[PDB]
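Shown next as structure tokens: one chain only, the form deposited without the ligand.
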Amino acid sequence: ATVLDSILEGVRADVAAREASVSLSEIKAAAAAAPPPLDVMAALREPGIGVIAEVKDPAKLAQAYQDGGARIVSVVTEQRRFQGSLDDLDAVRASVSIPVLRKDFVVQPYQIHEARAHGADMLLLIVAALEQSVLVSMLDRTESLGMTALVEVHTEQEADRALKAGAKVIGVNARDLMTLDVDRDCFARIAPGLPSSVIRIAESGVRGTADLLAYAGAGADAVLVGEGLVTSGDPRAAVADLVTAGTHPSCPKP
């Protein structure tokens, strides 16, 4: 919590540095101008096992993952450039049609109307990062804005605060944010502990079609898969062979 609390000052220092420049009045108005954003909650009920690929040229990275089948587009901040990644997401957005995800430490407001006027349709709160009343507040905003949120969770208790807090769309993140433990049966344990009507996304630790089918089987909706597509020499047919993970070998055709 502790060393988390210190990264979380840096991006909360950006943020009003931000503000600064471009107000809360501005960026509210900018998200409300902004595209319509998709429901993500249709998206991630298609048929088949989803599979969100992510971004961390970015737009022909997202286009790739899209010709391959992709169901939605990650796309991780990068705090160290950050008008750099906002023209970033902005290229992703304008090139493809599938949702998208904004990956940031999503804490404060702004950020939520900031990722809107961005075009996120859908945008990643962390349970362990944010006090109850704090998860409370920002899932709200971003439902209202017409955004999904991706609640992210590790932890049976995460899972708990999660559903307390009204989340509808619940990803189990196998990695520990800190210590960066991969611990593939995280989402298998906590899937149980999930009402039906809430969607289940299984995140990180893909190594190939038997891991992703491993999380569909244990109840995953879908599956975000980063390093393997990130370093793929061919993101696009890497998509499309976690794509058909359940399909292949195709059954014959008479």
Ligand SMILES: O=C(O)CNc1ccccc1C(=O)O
Contents of the next structure:
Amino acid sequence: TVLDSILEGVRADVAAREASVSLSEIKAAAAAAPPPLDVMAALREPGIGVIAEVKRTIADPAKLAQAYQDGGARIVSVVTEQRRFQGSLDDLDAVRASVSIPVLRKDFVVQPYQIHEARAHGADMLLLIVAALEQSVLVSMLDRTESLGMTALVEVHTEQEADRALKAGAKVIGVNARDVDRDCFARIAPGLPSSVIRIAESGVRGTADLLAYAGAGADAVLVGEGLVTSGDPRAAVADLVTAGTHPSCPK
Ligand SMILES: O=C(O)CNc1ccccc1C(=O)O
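Having seen the form deposited without the ligand, I'd like the form solved in complex with the ligand now, please.
Below is the whole assembly, all chains and molecules, this chain first.
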């Protein structure tokens, strides 16, 4: 029920935004935006994809996203949730203008307005959380996301949520260990069709963690800090992007 309380706040924030920017207007803004990038194609590229996250401290999310791209990130995740992470849609605009790689909107997405809104602000990918969405809503949200040319990162925490995600038509499934189930990805990944993209969203501290997820079948990992804390996010991302290739074999 606590999640209902959190979602009530999200629904209030969304409703207040819709009062200023109507559904008709946000649809017009979404249609006007440059088309979304082919996120599936990016996720199918060789190597483990690094999805580097912008969060909050950060006076210039665009500059951070640029460092992420320079380091070889596959996708930039932008947290737009205000109440805990001090993110905003403004961050999505800033990041979108700064990088050429796909951009994921990371937020609690619970109603269709937010889908059009994500697109209007340049997102290529959008987070859908199975634990937050009853199946009827999950399916509706996934279909609308795809109808706009975006890809849903469908986040699960249990085998049952994974089954729900598959039934809804998910193409990309992310495993979040936090409700922390430290063996979440391994409990879930093997059960997925080989054709579905697997993302480990939790517990990536360094190259060893990325490699461990890679060895368990991950196609990409999400990393937030301590890319920032490192003081050198480009280098930190570069190290993860090239994980397993160091030390280099003698030449
Ligand atoms: O990124 C993090 O630091 C914590 N993750 C989130 C932050 C805002 C909205 C949803 C999530 C989630 O993973 O379902």
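Under this definition, the rigid core comprises the largest set of C-alpha atoms superposing within 1.5 Å between the forms. Positions refer to the first chain, counted from 1.
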Comparing forms between these two forms after core superposition, the one residue of 133, 83, 144, 97 displaced by 2 Å or more at CA: 83
